[PDB]
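One chain follows as structure tokens, the form solved without its partner chain.
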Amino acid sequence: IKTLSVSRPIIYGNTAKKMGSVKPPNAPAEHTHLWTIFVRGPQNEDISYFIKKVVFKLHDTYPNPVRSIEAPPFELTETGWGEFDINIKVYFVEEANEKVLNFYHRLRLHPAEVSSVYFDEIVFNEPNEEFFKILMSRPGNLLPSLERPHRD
């Protein structure tokens, strides 16, 4: 028990909706849809305990197409009229001892919200010991961490 591997499940992809009269004051003309590109946990658990930042690379026609999200939720909303590939770069907390992980997602606008989401698992083959303390102390634990006396 020198090295201990561990995985974390994630969901990545986008949702999209047709845009009506309700839109931001500076919504580019001819943009027909809004969309949210994201990296999430199952049950929308906050995944910032292992993810440090997510960097989304949009199409080069977008202003400042490299969008770095450095606090949760790891998502951004944009508008547009068409589909293209987005490069999602996931960076990990130091204790994970894991380099950047790349995903590529094709934005989906059709077919009334649409959802194009992919389930994957990030593996950490050589995390620091401290990584497991971070993981196990994340909110929501119900179990005892000591021998808790109890009646029959």
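Superpose the two forms; the largest set of C-alphas matching within 1.5 Å is the rigid core. Positions refer to the first chain, counted from 1. First, how it differs from the form solved in complex with its partner chain.
- Of the candidates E70, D60, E126, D85, the Cα that moves 2 angstroms or more after core superposition between these two forms belongs to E126 alone.
- In the core-superposed comparison between these two forms, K23 has its Cα shifted by at least 2 Å.
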Second form
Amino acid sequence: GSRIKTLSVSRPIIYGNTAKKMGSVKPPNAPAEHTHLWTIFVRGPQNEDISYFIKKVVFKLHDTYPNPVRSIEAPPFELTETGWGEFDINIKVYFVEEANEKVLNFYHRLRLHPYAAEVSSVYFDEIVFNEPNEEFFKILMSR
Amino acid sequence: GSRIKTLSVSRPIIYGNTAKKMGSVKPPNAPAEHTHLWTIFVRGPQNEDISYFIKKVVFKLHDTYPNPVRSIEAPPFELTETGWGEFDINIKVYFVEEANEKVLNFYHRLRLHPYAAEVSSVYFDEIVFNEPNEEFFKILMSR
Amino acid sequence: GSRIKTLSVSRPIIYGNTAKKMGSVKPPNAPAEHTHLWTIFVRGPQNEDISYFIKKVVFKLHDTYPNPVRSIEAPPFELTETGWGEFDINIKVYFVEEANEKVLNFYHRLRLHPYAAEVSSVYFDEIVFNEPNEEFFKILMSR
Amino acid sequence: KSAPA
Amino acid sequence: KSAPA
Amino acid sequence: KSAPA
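So that was the form solved without its partner chain. Now I'd like the form solved in complex with its partner chain, please.
Expanding to the full complex; the earlier chain stays at the top.
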């Protein structure tokens, strides 16, 4: 059988954080109370390029970080920080201009505590694009 | 996890019409009361070929057109007409013989009135094929 | 619009059996009461390779067959037998180690009776993989 | 069928 | 298991 | 924000 339905296109996406408890010697000029080194990221599977449809990713850190709104406008869409605590990060994904799409809003709790060495908290989901316009569909299908 | 579900394959499809109000000088032998030139179509994104799975498209025009059942049996699956009014068009998409599929029936209201120069009314959806047979699936996957 | 949803990947799959009533002369050392030759299988469309994600297929035959648990650990994932009766076959599909997936369990009634020469009973469905891990997704996308 | 706006 | 029709 | 376990 055949039917008409609304067009959708999905793009797999990997996001979250890795982390490590720092040793006795800490990186120079890291605040003395910071205990961990960590990295929050949005990336493609197998580290394939995602900048063909993502223009920039904005990570809102906890207010204890200076300039907590951290805008990453070229790949890799990640940032590395030191710190002492776990907290929620609002991740704002902005698509290329052609998408004509509003921001994609989501949230990730920074994981630092060990498992029940390196820890990670990583999700492997997908972004579904509802009714993409013809030009954006062309861009999405180019990779 | 893994599960068995029914197989489906989807093909994006663009359809609708463009239109233009004609000037002071009209094309030769266009009826004097006709005011607009228009084009109804079914096409692929980026104008890719769709005839590998669509055999023909039949546009049923309003009864004010002579021979209103207009069968287009080779790409581009479109037709251009002049006229004076907006009306509903039943679009009948017939798939290649291998699909073993019944007709795909849908409807488009011809748009001539300006926006709120050229006007258009175009939809970018997708055709879902339910349980395609192995030979048709081969044809669908060739492009 | 855009939203995050869980990642899934689907793989089309063809399974079932062909069968033929044997003639007056039967294959040597086929049991005298056996009347039909048949083949149960799990395969890819157009007979494409599926062993890149399926490690082995186990067919549990009726207890009237010796060693009824028949493990096929290399393609083609099929077996041919003679026999006299129709019965249900539990088909166990095991995925490659990287999938980290439990067995895929399904059932097929062996068809020998003619249509309402060769008979067949074949289904063309798809396997949906829910939340595949990054390494398995890499394997699934390689073909 | 009606003449457009 | 039953002999076919 | 709380120090980890």
